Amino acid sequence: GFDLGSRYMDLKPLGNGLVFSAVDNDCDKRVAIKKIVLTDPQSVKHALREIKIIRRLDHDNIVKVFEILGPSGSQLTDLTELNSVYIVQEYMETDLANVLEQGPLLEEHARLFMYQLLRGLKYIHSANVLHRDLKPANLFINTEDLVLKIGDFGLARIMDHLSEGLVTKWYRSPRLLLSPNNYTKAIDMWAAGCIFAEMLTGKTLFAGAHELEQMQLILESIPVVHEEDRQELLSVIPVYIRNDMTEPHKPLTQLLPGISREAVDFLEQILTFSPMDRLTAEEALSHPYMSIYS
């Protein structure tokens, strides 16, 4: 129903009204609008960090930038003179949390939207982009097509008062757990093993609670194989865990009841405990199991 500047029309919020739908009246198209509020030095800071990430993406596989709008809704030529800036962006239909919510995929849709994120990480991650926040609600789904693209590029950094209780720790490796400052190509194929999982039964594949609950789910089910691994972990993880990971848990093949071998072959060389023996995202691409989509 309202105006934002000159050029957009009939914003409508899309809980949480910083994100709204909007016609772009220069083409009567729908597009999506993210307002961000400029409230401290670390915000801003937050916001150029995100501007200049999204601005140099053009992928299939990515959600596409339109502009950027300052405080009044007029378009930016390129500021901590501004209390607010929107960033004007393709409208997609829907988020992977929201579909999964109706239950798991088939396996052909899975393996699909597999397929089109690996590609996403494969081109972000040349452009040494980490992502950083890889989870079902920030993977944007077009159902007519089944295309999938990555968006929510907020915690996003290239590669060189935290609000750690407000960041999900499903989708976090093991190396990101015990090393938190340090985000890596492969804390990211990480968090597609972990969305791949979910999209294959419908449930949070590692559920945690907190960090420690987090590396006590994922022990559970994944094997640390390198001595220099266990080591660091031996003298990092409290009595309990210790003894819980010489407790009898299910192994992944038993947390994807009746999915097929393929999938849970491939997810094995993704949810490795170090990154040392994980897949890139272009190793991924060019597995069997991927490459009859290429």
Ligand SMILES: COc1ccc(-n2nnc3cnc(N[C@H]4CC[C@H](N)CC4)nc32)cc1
The other form holds:
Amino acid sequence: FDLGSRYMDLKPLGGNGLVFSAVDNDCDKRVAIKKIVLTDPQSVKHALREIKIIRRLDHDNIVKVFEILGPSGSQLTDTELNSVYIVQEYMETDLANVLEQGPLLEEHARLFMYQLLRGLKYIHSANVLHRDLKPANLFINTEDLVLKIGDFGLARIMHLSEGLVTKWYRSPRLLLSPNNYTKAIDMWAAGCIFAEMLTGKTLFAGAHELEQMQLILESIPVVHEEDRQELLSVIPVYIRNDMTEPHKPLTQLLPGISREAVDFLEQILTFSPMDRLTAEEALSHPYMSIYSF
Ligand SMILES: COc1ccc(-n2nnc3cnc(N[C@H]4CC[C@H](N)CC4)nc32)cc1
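Let me have the form deposited with the named molecule bound next, following on from the form solved without the named molecule.
The next block holds the full complex; its first chain is the one shown before.
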């Protein structure tokens, strides 16, 4: 199908019917077109918040955005329409799919982590937080082995529909304080992704916010007395008695994985965000310093 005098052969990616894979006749290449329907004055607020971010970011490990189109298919010069299309680079697959067929080799999991931390270093330098890091939002170009961070729909600079969001990659601070978003929150998610790349399975797979904390507390130790006293006053009684009970450490959740990868992960998956490595700190670590020239 057609969309304006540039994009031809629109084919979906499904059951959604809002994401397409068309070809640009002016460039003679494949592109991924995403549609955003506008009704709610908050849906316009989220669309405006996203466009400003995606048009400002240009990095080798970030999904490059080509154009922002209107309902007819004409480009936007930069509102109050009905539908807005977004043209992005087209990527082969996404890490969610890659993990579906099983764990990556320690050489591929390390390479993708380096590219994820390089991409995170760029967005955090521009004071932008991804706010939704998960394997589905990390796109893979299998032949060049290139990871590219995409889907900045939840991204913010510096509460509704919480059911449709995955809590599996949320930090303990984010589960206690959902209103505050920091650079450290993106780092915990990056750690959870690296552990999923090595094992194939989700490290902390919780149904809700409370169950997510219960699973994190079983493996991640609370070192600071400030965080420990806060938990005794916030997390419920059934989770409170469970943390003093014996459980599996992080090294037992990663069987067959080398101590170099586990000790690097133990520095990122810290309960307190103060002890946590940043994107710059993680890239300068001996486990990641080997990829830079
Ligand atoms: C929730 O719905 C979505 C899903 C994907 C995207 N985005 N956003 N940018 C993208 C660049 N490339 C691709 N390619 C697909 C091709 C098929 C593969 N199995 C998976 C990757 N998809 C993109 C946006 C919204």
